[PDB]
Amino acid sequence: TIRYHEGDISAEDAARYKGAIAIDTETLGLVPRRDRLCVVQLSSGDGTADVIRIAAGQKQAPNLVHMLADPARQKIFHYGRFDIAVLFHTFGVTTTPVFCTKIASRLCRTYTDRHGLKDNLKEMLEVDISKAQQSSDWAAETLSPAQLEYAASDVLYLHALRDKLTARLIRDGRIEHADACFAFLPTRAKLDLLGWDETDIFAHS
Amino acid sequence: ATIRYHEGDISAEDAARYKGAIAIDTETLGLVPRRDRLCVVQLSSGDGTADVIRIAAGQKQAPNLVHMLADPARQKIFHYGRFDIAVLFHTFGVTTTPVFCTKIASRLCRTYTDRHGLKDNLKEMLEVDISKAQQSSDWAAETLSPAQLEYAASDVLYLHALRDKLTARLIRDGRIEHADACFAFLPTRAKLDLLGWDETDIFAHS
Amino acid sequence: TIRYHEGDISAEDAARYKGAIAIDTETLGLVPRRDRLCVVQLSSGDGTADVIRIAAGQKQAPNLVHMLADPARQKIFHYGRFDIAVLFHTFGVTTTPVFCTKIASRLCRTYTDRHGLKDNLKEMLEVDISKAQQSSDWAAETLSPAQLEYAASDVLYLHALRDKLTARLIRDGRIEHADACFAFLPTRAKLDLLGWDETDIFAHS
Amino acid sequence: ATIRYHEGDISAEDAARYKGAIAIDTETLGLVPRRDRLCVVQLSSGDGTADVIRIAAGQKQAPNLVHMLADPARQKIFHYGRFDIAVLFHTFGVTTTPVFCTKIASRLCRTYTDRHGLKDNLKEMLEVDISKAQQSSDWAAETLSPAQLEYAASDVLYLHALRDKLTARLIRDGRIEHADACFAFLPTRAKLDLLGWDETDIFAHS
Amino acid sequence: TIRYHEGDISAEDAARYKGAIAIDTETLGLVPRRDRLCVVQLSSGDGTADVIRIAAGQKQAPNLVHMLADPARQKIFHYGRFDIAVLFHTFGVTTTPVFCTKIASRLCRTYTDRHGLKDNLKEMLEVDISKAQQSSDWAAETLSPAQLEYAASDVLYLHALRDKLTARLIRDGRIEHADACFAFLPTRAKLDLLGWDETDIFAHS
Amino acid sequence: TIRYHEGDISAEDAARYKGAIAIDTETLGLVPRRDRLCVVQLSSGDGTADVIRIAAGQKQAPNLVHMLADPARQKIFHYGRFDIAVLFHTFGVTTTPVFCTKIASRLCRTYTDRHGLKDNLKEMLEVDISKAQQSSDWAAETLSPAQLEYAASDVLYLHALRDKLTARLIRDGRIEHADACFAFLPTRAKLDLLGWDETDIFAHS
Amino acid sequence: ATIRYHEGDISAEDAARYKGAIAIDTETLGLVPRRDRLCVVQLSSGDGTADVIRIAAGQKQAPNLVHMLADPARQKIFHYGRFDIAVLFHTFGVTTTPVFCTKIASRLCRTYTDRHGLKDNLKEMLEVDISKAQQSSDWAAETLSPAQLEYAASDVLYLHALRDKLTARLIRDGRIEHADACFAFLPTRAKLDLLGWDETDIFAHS
Amino acid sequence: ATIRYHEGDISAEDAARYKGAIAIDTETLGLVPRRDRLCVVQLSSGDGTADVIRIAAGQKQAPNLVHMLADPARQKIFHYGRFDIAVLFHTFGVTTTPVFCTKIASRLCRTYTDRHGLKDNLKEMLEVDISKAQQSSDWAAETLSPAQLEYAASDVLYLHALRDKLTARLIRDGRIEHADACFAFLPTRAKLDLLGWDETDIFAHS
Ligand SMILES: [Mn+2]
Ligand SMILES: [Mn+2]
Ligand SMILES: [Mn+2]
Ligand SMILES: [Mn+2]
Ligand SMILES: [Mn+2]
Ligand SMILES: [Mn+2]
Ligand SMILES: [Mn+2]
Ligand SMILES: [Mn+2]
Ligand SMILES: [Mn+2]
Ligand SMILES: [Mn+2]
Ligand SMILES: [Mn+2]
Ligand SMILES: [Mn+2]
Ligand SMILES: [Mn+2]
Ligand SMILES: [Mn+2]
Ligand SMILES: [Mn+2]
Ligand SMILES: [Mn+2]
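Chains as they are written, first to last, in the deposited numbering: chain A, 4 to 208; chain B, 3 to 208; chain C, 4 to 208; chain D, 3 to 208; chain E, 4 to 208; chain F, 4 to 208; chain G, 3 to 208; chain H, 3 to 208.
None of these hints come from the bench; they were simulated from the model.
Please note that the accuracy of each hint is not assured.
Unchecked claim - Computed list of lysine-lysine pairs in BS3-like fashion (alpha-carbon distance at most 30 Å, straight line): (1) D:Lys-121 to B:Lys-121; (2) E:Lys-62 to F:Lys-167; (3) H:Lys-21 to H:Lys-121; (4) D:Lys-193 to A:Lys-193; (5) E:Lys-193 to H:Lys-62.
Unchecked claim - Facing chain F, from chain H, some residues (calculated, C-beta under 10 Å): (6) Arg-84; (7) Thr-113; (8) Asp-116; (9) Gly-198.
Stated by the list, open to error - Stretches of chain E that chain F covers, calculated by requiring three or more beta carbons in the stretch to come under 8 Å of a beta carbon on chain F: (10) 34-43; (11) 134-140.
By construction, the Cβ of each residue, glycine as well, lies at the ideal position given by its N, Cα and C atoms.
Generate the whole structure from the sequences, applying the supplied hints.
Written out as structure tokens, the structure is:
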């Protein structure tokens, strides 16, 4: 089931999130200063999701921004480097603390080169999601039923994926390395917005 | 004496000269830690003098130096600490912390140039001239040549002054918090290199 | 329905074009000084098309060239950079003014890398066209029925595609950037014919 | 006085010296406008003298200079205006027009060479010698060095004469209309760069 | 139908070739000094082919070599640059004169990038051949029926392909350019054997 | 049929190997100092296999290590360069002597670019194996039935593949070159562990 | 007189000096024939003197020179004739034949080096020193500078001697027949370049 | 006499000077053995003198030299023997064994540098200066120039001393067994090059 919102999540539906917050975003493209934030989706892990539609030029969302900046509740992304930069560009908020399931996948799933959400979900959870609506118009006047289902499917399994990946990082001894990556991720995202988006700051160049 | 020479470990007396930040560099047999052994460790307190410590083959202990490296009350200054931190962890098992990297700081504030080596940084920021001719030499040699000893000392003699200059630039241009976060992740970046992620950015897609 | 012509469109069938002119060409290849113009197709947007067969060495087509140079009627291409250069190389005419639906696609469809006509037509218009006859012999002595249908299908939907893309450029605020691109397109095509065809003149090299 | 120094904006008296085309260049902290702030704006009327205007950090207004930049009755001469036009639009919100780019003109008529930088263009077309040693310096410095001031002025002192030489070449070789169309699209090319199309030709397939 | 021979074609079956000779070879690989010639197939254009099995170290084939060096009978290859070098390396014979249908394809079929035999045969002749046996062991003790059928299919249509391509080169005005290419082809092949196999001798380097 | 072992092969099941030993390994990835050895599989060529599960941090396996270092029994790998390095990294043993069927494939199957085990097995032996379980979690608490079947299938045909490839190396005269490659292979693997893993030591750089 | 200057075409008297092979080079406005016009044609009979012929813009006729170019009884010597043959065919419609290319000959017999330019070939084979500084100049200039005239003449003054030296090398190393076949295909190679195959080898798969 | 010249083969008297290892290099017409013929073979016993043997065109026999090359009781020292071993096998059919390659040894122990050429190795290990100017010359020349003869001799005069220096480094850094295995495979590596595997590592996946 999906709860649809315009502009911001209701304070009522924000209270359902008493722990970690699974979160994803939908934009018009991969360049934040060019392609505006259109949708942000949330899920508390109970099999339901909140889908919030963002309007052009909208620069505030009090209930959502409070959840994002809340240091007592962890935020779960799959490749948070992009979403953290977009949310900071749109609302000026620094999402923290974070768990990135793609960084976790790269650190423990060393036997494969597939670290996208789709391949992670079927190997670790035996869950099949579709990638058909990823390249659609997320700024449409009316989000299609398939678009709303795709957006929710991006957050409905992030809690369970994090738990399975965390057990792998424990088994293979890289949980501290992953924790250090999550602490730097907000800085990595802010460095992307400033023009270092295609260079590793820790390299020689 | 401008250069204090030590065999195996720094003396406790000279280790007491370091009441604050410690400038540090290393010399190895190459750029692969699991292949090329650590040969020299050079330190400087910033007063124009340096300690040069010769590391023997197969040596896995240096308690006086290792204590300074792990001491969270004294900051360690490197130029491209990503490599040296990895060599020190591979050799002694010590995680150097906390660190300041003048190369990361240079890439974050000297945005008008692509020259981020130590020689170029010392030339612009401090008008100091150093030569890099002895970097490709046998650092495991029987006896280190005098030219080798001066190159090793000159690699740490100006790191204090360079850090001060670059810190003022990061504060002026508003990226001191970005650099501090980079320094906190640097020991993890080095440990990921030792594990085989040395040629990939862990924060990228692939 | 398709109206076939040899050498030039009839003055009768040119009068059906009281507004924008959808236009495409078919050649023997992508190098204009090597591969001759074989077919030029037109459509006024009513669901019908004129298909004009061009003979080797033919250097004039009065009714068509008058339409191309007419500044009161807009010409619609999908990737006009190629067709404008070919028409200028064959007839010495500078087609103006132009609307390029591929430039428009690149400027507003920022969520995808597919900017060809086929993917544009199905997303924006839900229209499916075949690309089977694109790599055929367009200098054949008799154009096949499939060739004539492929040629017409390249212009039958350019009016409706332009309208949908224009609404997107309006919604996303890049209609002035697209208009500036269309004004430079004839110069970009002429620069290609002179040997700058593989370099961006606005770059350092 | 060969160099007129200004703080923040050009004086109204010196702005009156520009009755025709305005040669113009900028100095920044780097090549990324959203990261590297605008530091200096240099102008020259073509009489051998230059105005050098220091731009403060966070400054978003310069009415006397901005009026000259937007004035459609006076042409602005750049060398690679694609970058400067973007920096000026990002800093002041002004769309510089109309413009002449001696680099675009050089690439369109000097077809016998791949050297299209300003130094090479001034050497062949005018036999003028300029040095580029100070381009990689701190242009946000506390006080601009005299070598910095002369480099900044020399970047605009010859743009009038270079434009005249290249215009005669474009007329002779029959591509003045191609260059004029390139100049008309240049402000859009710069704005597309600021939006993230900076490393792609919008007129290509991909 | 296929006529099988060991070592050399019979003088009887060589007399069936009163005109152009379609010819192809099969080897153990693409490096002539490493991978030996295993099979050479011939066809006179009547729908039948001679398939000659070559033994290891065999350095003579009088009836075949006489056909190859015969200047009165044209030899047809598809990409003769390879086969001419192999035949010269094995028997010391310089095949001349030649018609290469791949060079002809590259010169007149300017609307496509597919210049292999398979795509040439279906577009120009509406003939479908299989490429399944191309990467098999041609030095096997017994050539399989599929291997013999694949080898013959490489020469059964070279006459008809040459005729259709020659008409295209005539129509598009590059028949003299193709003739000049065929005259240089034996030198191009000999230059390959000497180590210039990966550089264009007419370039700067 | 498959014989499962934990930690080491039983001395009873080691006595079944009176000749060459087919052997493969399964790891958590391709970097030995990062990805631990999980499984090593053996087969004597009778159609049955021993599958030994290796525990994390386990640094000894007496019965297996004795087989690996036994100079009187040849060890057969497909691409032994990787497995020899992993076994030397885990147990400190130098496997010798070895026959690598991938080196043999590259030296005699000169007509193809496919030198993996799957393509080698179907061409030379007409045997079809699946590659589905290659990218699985080999450090799982319980190896799946499909994982155990995949692991055994990697060694069940190495004897027969070696024999067929050895006959090809004899026929084409490169058996001495292959023998020289096998003698250097343990050094090539040890050079990989020391950081020369992406450079050919015999090149200029 | 070491350099004979001509406007438009070589005089009939000076054309009579060429009883055998003709060394020839051209100067253009660039490397794209359909964009960059032919400016100068230089010839030399091998006696230490050269004819330098200035080609006007839009000129499509030069009967005295064109006759020498098409004359199958006199061989034309180029260094990288692939380009010049294309420029001459595009400008005058003449197919230069027969030709000898000292660059193709150099690549076929000087197998011990990668330096196949004219300057390197003249240095090793003849110990002649020529400079290439004037190759990137305005050859359509109002008046050709004296340095331009000497560079143009020096490009043809030694082609006879270089051809003789390289021919003896091709005969010695057994590749004179390979070079002769390359020379016979060269006019077709140039015409394929003018048609858009300029960046592909027609004898390759793609 | 510092250089002993021979035509076709080394004399039996001078071949008797080699009681131990034989330093050896070759000069060819290029880097492709099947195209570029062997021209010179240079040997040195390590006493400061060298034998320089001119190889005629089409020559396929040199019994005195070939016996030294195949002699398993005397080691042959090359710098990058991979090429010379291939040229010798292609020319005479001899498999040179056993061999020591100072380049392979340099890449295995001089891990602090990327400069593994002979000139750089002689400069660091022995402080000997040699020039490489004559490597790109006509070694099939009518008469070898004196500069050619000295370059050829200097390529073998120091291989004994260089091998001794590098052997001590391999023993010190623990990779003498790796180098010995590389030397044993080297003749096979060269023969694979002659068969068309010259641009691929046979030990890689592809
Ligand atoms: Mn998503
Ligand atoms: Mn996402
Ligand atoms: Mn360092
Ligand atoms: Mn250092
Ligand atoms: Mn079309
Ligand atoms: Mn089109
Ligand atoms: Mn500028
Ligand atoms: Mn400037
Ligand atoms: Mn075939
Ligand atoms: Mn073939
Ligand atoms: Mn396996
Ligand atoms: Mn394996
Ligand atoms: Mn030339
Ligand atoms: Mn020239
Ligand atoms: Mn050598
Ligand atoms: Mn040499």
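The segment 34-43 of chain E covered by chain F? Criterion: 3 or more residues, Cβ-Cβ distance below 8 Å.
n = 3 at 8 Å, threshold three: holds.
Quick check on the hint: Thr-113 of chain H CB to chain F CB, less than 10 Å?
Result: holds, 9 Å to nearest chain F Cβ.
30 Å Cα cutoff - pair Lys-21 of chain H, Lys-121 of chain H:
The hint holds at about 27 Å.
Using C-beta distances, would you say chain F covers the segment 134-140 of chain E, given that this needs three or more residues below 8 Å?
holds (count 3)
Chain F contact restraint for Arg-84 of chain H - C-beta distance below 10 Å
At about 6 Å, which falls below the 10 Å cut-off, the nearest Cβ of chain F leaves the hint on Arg-84 of chain H intact, so it holds.
For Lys-193 of chain D and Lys-193 of chain A, compute the direct alpha-carbon distance and say whether it is at most 30 Å.
22 Å, holds
Would the hint linking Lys-62 of chain E and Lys-167 of chain F be met if the CA-CA limit is 30 Å?
28 Å, holds
Can you verify the interface hint for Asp-116 of chain H: is its Cβ closer than 10 Å to any Cβ in chain F?
7 Å, holds
Holds or violated: are the alpha carbons of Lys-193 of chain E and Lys-62 of chain H at most 30 Å from each other?
Cα-Cα ~23 Å, so holds.
Holds or violated: is the Cβ of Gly-198 of chain H closer than 10 Å to a Cβ in chain F?
Holds. Min distance 9 Å.
Given pair status - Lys-121 of chain B, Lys-121 of chain D, alpha carbons within 30 Å
Since the Cα atoms of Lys-121 of chain D and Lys-121 of chain B sit roughly 27 Å apart, the hinted pair holds (cutoff 30 Å).
Violated hints: none; the structure is consistent with every hint.
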